[PDB]
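Q: Read off the chains here:
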Amino acid sequence: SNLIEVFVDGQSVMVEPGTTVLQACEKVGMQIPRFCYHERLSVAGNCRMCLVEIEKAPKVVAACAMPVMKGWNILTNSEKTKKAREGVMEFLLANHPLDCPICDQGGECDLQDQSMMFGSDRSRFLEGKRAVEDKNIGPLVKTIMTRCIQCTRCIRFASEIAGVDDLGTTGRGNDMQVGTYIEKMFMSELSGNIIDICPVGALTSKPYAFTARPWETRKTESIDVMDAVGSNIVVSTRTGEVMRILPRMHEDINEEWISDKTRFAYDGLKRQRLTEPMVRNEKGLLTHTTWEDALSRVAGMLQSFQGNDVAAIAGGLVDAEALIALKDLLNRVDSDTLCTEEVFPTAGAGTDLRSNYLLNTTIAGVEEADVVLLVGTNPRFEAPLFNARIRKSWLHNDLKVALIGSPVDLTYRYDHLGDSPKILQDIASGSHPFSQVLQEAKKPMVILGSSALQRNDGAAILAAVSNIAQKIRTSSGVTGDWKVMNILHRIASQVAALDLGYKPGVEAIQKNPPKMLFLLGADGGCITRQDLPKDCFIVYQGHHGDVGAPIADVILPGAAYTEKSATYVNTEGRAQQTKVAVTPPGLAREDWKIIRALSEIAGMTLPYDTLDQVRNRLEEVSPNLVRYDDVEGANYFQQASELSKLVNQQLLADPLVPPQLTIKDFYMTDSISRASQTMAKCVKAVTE
Amino acid sequence: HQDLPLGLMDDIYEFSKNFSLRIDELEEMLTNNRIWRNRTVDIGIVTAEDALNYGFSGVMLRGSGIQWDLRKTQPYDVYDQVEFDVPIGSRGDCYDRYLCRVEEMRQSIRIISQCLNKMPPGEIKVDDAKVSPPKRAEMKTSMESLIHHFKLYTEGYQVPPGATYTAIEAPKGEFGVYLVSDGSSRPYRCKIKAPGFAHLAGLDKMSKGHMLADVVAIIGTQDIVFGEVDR
Amino acid sequence: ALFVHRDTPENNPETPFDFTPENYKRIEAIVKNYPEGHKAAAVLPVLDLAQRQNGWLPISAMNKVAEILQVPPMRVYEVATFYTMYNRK
Amino acid sequence: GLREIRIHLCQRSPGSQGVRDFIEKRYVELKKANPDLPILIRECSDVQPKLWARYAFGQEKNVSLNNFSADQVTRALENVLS
Amino acid sequence: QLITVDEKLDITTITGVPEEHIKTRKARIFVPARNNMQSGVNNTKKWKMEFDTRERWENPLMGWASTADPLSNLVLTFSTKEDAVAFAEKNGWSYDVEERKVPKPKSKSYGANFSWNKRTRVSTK
Amino acid sequence: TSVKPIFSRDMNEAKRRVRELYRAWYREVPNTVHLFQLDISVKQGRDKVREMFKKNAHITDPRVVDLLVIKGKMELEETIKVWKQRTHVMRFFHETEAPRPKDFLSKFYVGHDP
Amino acid sequence: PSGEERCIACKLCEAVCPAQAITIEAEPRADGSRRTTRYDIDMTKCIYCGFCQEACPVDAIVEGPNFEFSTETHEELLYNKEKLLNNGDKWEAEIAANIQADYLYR
Amino acid sequence: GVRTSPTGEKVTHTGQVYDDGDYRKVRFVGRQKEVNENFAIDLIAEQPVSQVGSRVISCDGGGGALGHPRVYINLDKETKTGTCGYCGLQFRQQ
Amino acid sequence: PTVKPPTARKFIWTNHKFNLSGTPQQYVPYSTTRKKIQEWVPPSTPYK
Amino acid sequence: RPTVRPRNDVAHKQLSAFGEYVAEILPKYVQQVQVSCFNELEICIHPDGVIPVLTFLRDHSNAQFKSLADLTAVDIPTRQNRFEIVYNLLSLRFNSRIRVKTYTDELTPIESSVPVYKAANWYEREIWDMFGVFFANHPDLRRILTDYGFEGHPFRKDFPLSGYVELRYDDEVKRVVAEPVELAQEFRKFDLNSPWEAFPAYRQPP
Ligand code: SF4
Ligand code: SF4
Ligand code: SF4
Ligand code: SF4
Ligand code: FES
Ligand SMILES: [K+]
Ligand SMILES: [Zn+2]
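Chains as they are written, first to last, in full-length UniProt numbering: chain A, 29 to 716; chain B, 233 to 463; chain C, 37 to 125; chain D, 15 to 96; chain E, 51 to 175; chain F, 15 to 128; chain G, 107 to 212; chain H, 29 to 122; chain I, 98 to 145; chain J, 46 to 251.
If you are wondering where the hints come from, they were derived from the structure by calculation, not from laboratory data.
It is possible that part of the hints are untrue.
Claimed, not checked - List of simulated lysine to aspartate or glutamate pairs, EDC-like, C-alpha gap at most 16 Å:
(1) J:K202 <-> J:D174
(2) F:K18 <-> J:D150
(3) F:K95 <-> F:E42
(4) E:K156 <-> A:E54
(5) F:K116 <-> A:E628
(6) B:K362 <-> A:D149
(7) I:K132 <-> H:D50
(8) A:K543 <-> A:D563
(9) F:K87 <-> J:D174
(10) E:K168 <-> A:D426
(11) E:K140 <-> J:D150
(12) D:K39 <-> A:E670
(13) D:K46 <-> A:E670
(14) C:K75 <-> C:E64
(15) A:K471 <-> A:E396
(16) E:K140 <-> E:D60
(17) I:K133 <-> G:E133
(18) J:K163 <-> B:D436
(19) F:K57 <-> F:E42
(20) J:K111 <-> B:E281
(21) E:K156 <-> A:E395
(22) F:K18 <-> E:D56
(23) B:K437 <-> J:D185
(24) I:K107 <-> G:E200
(25) E:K168 <-> C:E72
(26) E:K154 <-> A:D280
(27) I:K145 <-> A:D563
(28) H:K61 <-> G:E182
(29) G:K196 <-> G:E174
(30) E:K156 <-> A:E44
(31) E:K154 <-> A:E67
(32) J:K234 <-> J:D203
(33) I:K132 <-> H:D47
Claimed, not checked - Residues of chain H clear of chain G, computed beta-carbon distances all greater than 10 Å:
(34) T35
(35) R52
(36) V54
Even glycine gets a Cβ: it sits at the ideal position worked out from N, Cα and C.
Please work from the sequences and hints to get the whole structure.
A: Laid out in structure tokens, this is it:
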């Protein structure tokens, strides 16, 4: 059609016009050497490692930037190409420091490896080397700038991806230095990604420093649970210990980035851990006991209560396996008070229809939107990788973005309509000028943050926002298959709990206080003993001792997300599973096994004894929960809107203020990140 | 790995000077001894054709008159630049194989004499820092040298994909390796051909119609080390 | 000389610098020479104008230019350290 | 008594056509009649449509809805609700 | 003279693997993700098969990492997804297959760095 | 599905070879107990033989049965010719290995293995 | 000569060891220096091949001249960093001389 | 800088010491805890900072090829010393 | 050493020690690393 | 060049011509013939051709491969026929070597080559012992290297390096006993493969 023919070493290839010589070589399966080029950044063409010979042409060309022409034969292994690589590698190493033994990149260094494969095997540089002073840019990223090869990946990433223009080059010639010039910290929710994209040891993880080498680490491909994006990760382990967290490429979720909480909070898994079951001694103090005794104590209380007298609350890091098991157990004593700490209005359709509480456009669908309206959300801190995707569309597609709420910094310019929730009434009625933008839009997208739904008037807001999406789809602006309404969650376990029939929020517990309460990783402090009968019997199951454990009667040590194979559903409804990287510490156990064991002792044995069986049970309640890496799609937005209009609830005057306004509120949000000494250094740095 | 320390060659010369007399004293005890001959002559006779079909090599072939020595027929390293004679037996028994080994010792001294006189100067490992590690002084001064030292001692050098069967004239017979490379820095498969594996498989054949004490002599004449037989 | 700035009592972000009214009128003419939407093109002439008023470029002078043209301060630091006619001392 | 109803169906398959028509026509009326009853509708591609009912103490019953019609689906729920 | 067997190839009984390391193990069949520290893609060509991670504890004497899982280090390489699945089936191993992730083709334009009216214009090189 | 056979051309042929192996193993147990001076009873030894044959009863592939019989005959020869020592014959009984918990609760208490 | 340890926890010796006889852990020292917290050599796994001292870029680990160190228990042959550092302090007078006599062949 | 904990056990340069309730200290009963007493962190801090008259200085640890790989150290900062990452010697521009 | 004495270092042992195996001065191995996982310590007050 | 292994063009032509010669004479079994860049000739044959091909190479006047140097197996689990049987033969008359390869799976027997080369007797016992490949019509096929009663075939790629059981002496039963393997220090798996291609000449197609 519009494809053109080129040759790579004589093999014909059909490429789209504009394809670069480097991209043509990928199709035949050749990787051209590179340093400055990165496929997710702008082309720079400065390292010159990609120089390649085009047949008959006397000058080598930079394959990463040169558009390939018709009939070109790219000679990727000719002597002219090989000598160009040897020459560039010679210049890269001329001033590079002899640091490999003390350098943390050693073993997974592109300079080392491309020197081995494409460079010469010796030196003829007989002078002294350049040495530069180091730059301090925060507690996360260590700089040894003598190792920098001036590829400018960090500068391009900081400016384009993170939307931060704080890194540049100062000076000229051989004395050109990368940095901030002034004493500044590069503290961004995405900052830790410059460690990955720096090809050399110039930028390195400060927490990870000196602890491991890459050849000795075992890699476990898993899922992040620090937010509801479900970023794909790799957990590096060595001899039973978690060493670091790396991004895992997924084009439709996180691409090859992760947030700084995902990257660095893992050190909280080594602190404040629950390693033994505990019960209260006669003096009212928690004391270690056996699995025998702790489960028997709970099973005895469980067998004596029924119906509303037993309730449970699920925290933000709970796996779907544990969720359904606890629902099944309480359903055998006739309790339906299965609650979450995160609120979602149950008015109208509630959780009957999945589309009512999903990111129906999907994360990838942001790149196709032409207008985005954000309501009551700081997506920069609630969903860092979802916010990075918006900026990608803002930068490349010219996306128009408007916000209702606090005028927070999103890393890109946007139209601020204000913070009063009555703007939503104006937009839907047609008086606000922005409604003209929405109507003209051909693929508009409306995102309402789950944080805004935590207000008392959350139901009114969801009705007001859902109404705006009703207006657009009645006009011709949209093609039908395109979905406009979206909810942006911030809690890893929220979507799975809603899918399973949990009641969002703890309103039911407040309405019928229980005599026995299960706190399943619940550390939001939403229910305290001041909300419960004087002798409530509280059971806490979790992996950290934080807010829930101190007030419990029985403590059951569970596993963290790195210590189990567990299912988590992200904000768009995609179901993904973690894998065991290391086993739980001490006497801690897999969370669904604790409930399965407790049920047997209580005489209400659940009908599943393996992870495969409890996942077959998950399929019974919601078949999408076992379709791993699949986004299913939910319809009946029309029906949800009709149900949402039955009850008319008014909007409070309070302006929409997101929970996280500045970066200091981003670092500590769950029990793991609250236990991280790395996260406390970040909080201290951005304040002091 | 390293070059000869200064003064080593003179000491090797001193040892080689007196060694033939030591072989002579050994022969004085055994070669013409009627008891030694009674224990070895016509013991464990193997025909030339049976030796080949049973997979024998080394002295087990040459004791039966087969004119084969991998150092002559398929030379490796510099064996084609040294002069020596291959001892050949005529009766295929333990005594002829014993004489072959004693004569091979004399020829080894003859070859060592030429190596001491013909030792050339120069480097000791291939000047190719992507295979052989650079000198420690280079590793501590040159960026390329340090990188190659680091990679050679962690990942190791990658071997192009392929499979070879390579064999030498080991003192016990043909010692070979069937080495399979998959393109990485670790071998995919490494079969070891031990000359004693086939030789011990022939013990049943070679011992037919002999006394219980002739089995002692027959395992002796094959020179079996169960490190190579068992791997 | 160096290409990293360290605050000192003579040279810090609170060192007083501001364009005189006459130089603001000149700044307006400089900025008018370039297409609307590309005001970053005025960085070189306006840094020079700051140096002609002041003699040299304190870090506060660099920050003022970045503020007038709405360019990130780093992008003005890169220019100031690249071209040799700017005196940073 | 009854505690929960779950309806499974495919978004595209003809076997789920009748259930899709029920939700698009009757679900809103059903939810208004039973505002305190979780009627979890969960779509998933390629699933055989089913109707799950949860009664007291975890008892469950499932009725196939394959190749049903909208009125046949209405009766099946009527049996559960009754 | 050939014979006919209509059955499913199974060799669980003639491999000598203990029963618990057949029935209780979960095999993962996947193409390894690119190590995001490096740009090389040569480690994402072949399919792998690994097993579920099991307990590692600290040796009382030295503090070394102990294990009782004989398959803790077993990694097999396969040319295709179907070669890996076939091998898992005949060995009786329950398995999960993960579809290969391929980087989406990109549109790289050096000229876009200097756009007249688009946000793709870079502020620095 | 046309494959080269080992010995048996169908399951009925294979079942014959299986029964001959059982007879040979059944008759050798009393001698095995005596030659190796085992401290198990002849009935215990024969029960183990039945146990080993029993756990292969589901096989329907004649080639797999032939290999199972081939392996079983080799084991019989090692025992008949006294190549096995006393230690080898007693490894079928795992006398020093404490019983392994089988139910869910027992396995939950001890560790993480399923 | 200052008394600072030569080893910088590069783990090249651990990588090359044909017997997997070396176990190393490291972290930033209180002065920020890159140093080991664990350095074990299982002397009953070791093959005394010298590959570790060839791989070491700073001459930190060496095989000394002592060969008369047989023990009465297995556990005494599991060396940790304290034992190996004491061996260095014990034998340095002779190790340095041996290195001086052979480093030009390396 | 060897020191003893309350139980009387010496603390190693790595900070190791068995706590009070740890049974594993029974291995030292009737024997001794091997502890090297030349702490490297303390010995390297006794070395005097070297005064040089250049922005960049090189260190090979001494001994030429018997030291460590040769590295170059930038001395532009006047608020701290330049330290060698291999041997810990310190340098200051004069 | 009377003719070519060894280089003096202040960390070198002044007193040589022979083989100490089988004595109360024998080497006893132990792990030189610190504890990896810090457990949660419950409060000492019975607020519950 | 001093560091580069020199090429021998005459032996490459010679071994190529002999490879076609064998292919022309044994078309019923020969599936592939190739000569490596270091001049080793490999004949890949259908497994039914083991005895006819090996007999021809031993007895034919222009072959005379009288000595079986080695017989081994290679396990490639990704292949349907995972086991590759490799015969390395030596011709003293023509001072040449040849490699003959075939294949089989777990359940398919290969014909014993003992009739052609008595040397093969123990090699096939080792292949049976260590890979579990059955050889039909073998005079005495049994384990040769492993312990009596050993279960499994250790040289298979999916057999764990340290096995499944380990031995110790137990005082209670006064004999050596076998128990499930536990390691005080687990073997440390290393990922050494660089993510950059080393040898373009061997690149597989995309
Ligand atoms: S960046 Fe790479 S080449 Fe440079 S010192 Fe570190 S490991 Fe060596
Ligand atoms: S610090 Fe790293 S990413 Fe930034 S320019 Fe230097 S080498 Fe490139
Ligand atoms: S000498 Fe011992 S410790 Fe050193 S590399 Fe060889 S086996 Fe490992
Ligand atoms: S002893 Fe040498 S090779 Fe081993 S970690 Fe220390 S510095 Fe590296
Ligand atoms: S990759 Fe093309 S010049 Fe850097
Ligand atoms: K890096
Ligand atoms: Zn130094």
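Q: Each hint: holds or not?
A: Against the structure, the hints come out as follows:
Simply put, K202 (chain J) and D174 (chain J) have alpha-carbon atoms about 14 Å apart, close enough for the 16 Å limit, and the pair holds. Restraint check for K18 (chain F) and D150 (chain J): satisfied, since their Cα atoms lie roughly 11 Å apart, inside the 16 Å limit. With a CA separation close to 11 Å, the supplied pair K95 (chain F) and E42 (chain F) stays within the 16 Å bound. Between the alpha carbons of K156 (chain E) and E54 (chain A) the distance comes to roughly 12 Å, so the proposed pair stays at or under 16 Å and holds.
Restraint check for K116 (chain F) and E628 (chain A): satisfied, since their Cα atoms lie roughly 15 Å apart, inside the 16 Å limit. Note on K362 (chain B) and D149 (chain A): the hinted pairing holds, with a Cα-Cα distance of about 6 Å set against a maximum of 16 Å. A C-alpha spacing of about 12 Å is found between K132 (chain I) and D50 (chain H), which places the hinted pair at or below 16 Å, so the restraint holds. Distance restraint check for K543 (chain A) and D563 (chain A): the Cα-Cα separation of roughly 7 Å lies within the 16 Å cut-off, and the hinted pair is therefore satisfied.
Taking the CA atoms of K87 (chain F) and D174 (chain J), the gap is about 15 Å. The hint holds against a cut of 16 Å. Under the criterion of a C-alpha separation no larger than 16 Å, the hint pairing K168 (chain E) with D426 (chain A) is consistent with the structure, at around 7 Å. Among the hinted pairs, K140 (chain E) with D150 (chain J) is consistent with the structure: their alpha-carbon atoms are about 12 Å apart, no more than 16 Å. Simply put, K39 (chain D) and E670 (chain A) have alpha-carbon atoms about 12 Å apart, close enough for the 16 Å limit, and the pair holds.
For the hint linking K46 (chain D) to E670 (chain A), the alpha-carbon distance of about 11 Å falls within 16 Å, and the restraint holds. A hinted pair counts as satisfied when its Cα atoms are at most 16 Å apart, and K75 (chain C) with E64 (chain C) qualifies at roughly 11 Å. For the hint pairing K471 (chain A) with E396 (chain A), the CA-to-CA distance comes to about 7 Å; that is within 16 Å, so the pair holds. For the proposed pair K140 (chain E) and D60 (chain E), the alpha carbon gap of about 4 Å is at most 16 Å, so the pair holds.
Between the alpha carbons of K133 (chain I) and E133 (chain G) the distance comes to roughly 13 Å, so the proposed pair stays at or under 16 Å and holds. Restraint check for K163 (chain J) and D436 (chain B): satisfied, since their Cα atoms lie roughly 12 Å apart, inside the 16 Å limit. Under the criterion of a C-alpha separation no larger than 16 Å, the hint pairing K57 (chain F) with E42 (chain F) is consistent with the structure, at around 12 Å. Taken as a hint, the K111 (chain J) and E281 (chain B) pair is honoured in the structure, with Cα atoms around 9 Å apart against an allowance of 16 Å.
With a C-alpha separation of about 13 Å, the suggested pairing of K156 (chain E) with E395 (chain A) holds against the 16 Å cut-off. With a C-alpha separation of about 13 Å, the suggested pair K18 (chain F) and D56 (chain E) falls inside the 16 Å cut-off, and the hint holds. Taking the CA atoms of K437 (chain B) and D185 (chain J), the gap is about 15 Å. The hint holds against a cut of 16 Å. The straight-line distance between the Cα atoms of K107 (chain I) and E200 (chain G) is roughly 15 Å, inside the 16 Å bound, and the hint therefore holds.
Restraint check: the Cα-Cα separation between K168 (chain E) and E72 (chain C) comes to about 13 Å, which is no more than 16 Å; the hinted pair holds. The hinted pair formed by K154 (chain E) and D280 (chain A) meets the criterion: a straight-line CA distance of about 10 Å does not exceed 16 Å. Annotation: proposed proximity of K145 (chain I) to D563 (chain A) holds, straight-line Cα distance about 9 Å (limit 16 Å). Annotation: proposed proximity of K61 (chain H) to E182 (chain G) holds, straight-line Cα distance about 12 Å (limit 16 Å).
This hinted pair checks out: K196 (chain G) and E174 (chain G) have alpha carbons roughly 14 Å apart, not beyond 16 Å. Under the criterion of a C-alpha separation no larger than 16 Å, the hint pairing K156 (chain E) with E44 (chain A) is consistent with the structure, at around 11 Å. As the CA atoms of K154 (chain E) and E67 (chain A) are separated by approximately 10 Å, the hinted pair is consistent with the 16 Å bound. Between the alpha carbons of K234 (chain J) and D203 (chain J) the distance comes to roughly 15 Å, so the proposed pair stays at or under 16 Å and holds.
Note on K132 (chain I) and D47 (chain H): the hinted pairing holds, with a Cα-Cα distance of about 10 Å set against a maximum of 16 Å. The Cβ of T35 (chain H) sits about 18 Å from the closest Cβ of chain G, beyond the 10 Å cut-off, so the non-interface label holds. Distance check on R52 (chain H): its Cβ is at least 13 Å (rounded) from any Cβ of chain G, clearing the 10 Å threshold; non-interface status holds. Consistency note on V54 (chain H): stated as away from chain G, and its beta-carbon is indeed over 10 Å from all of that chain's, at 13 Å minimum.
In summary, this structure violates none of the numbered hints.
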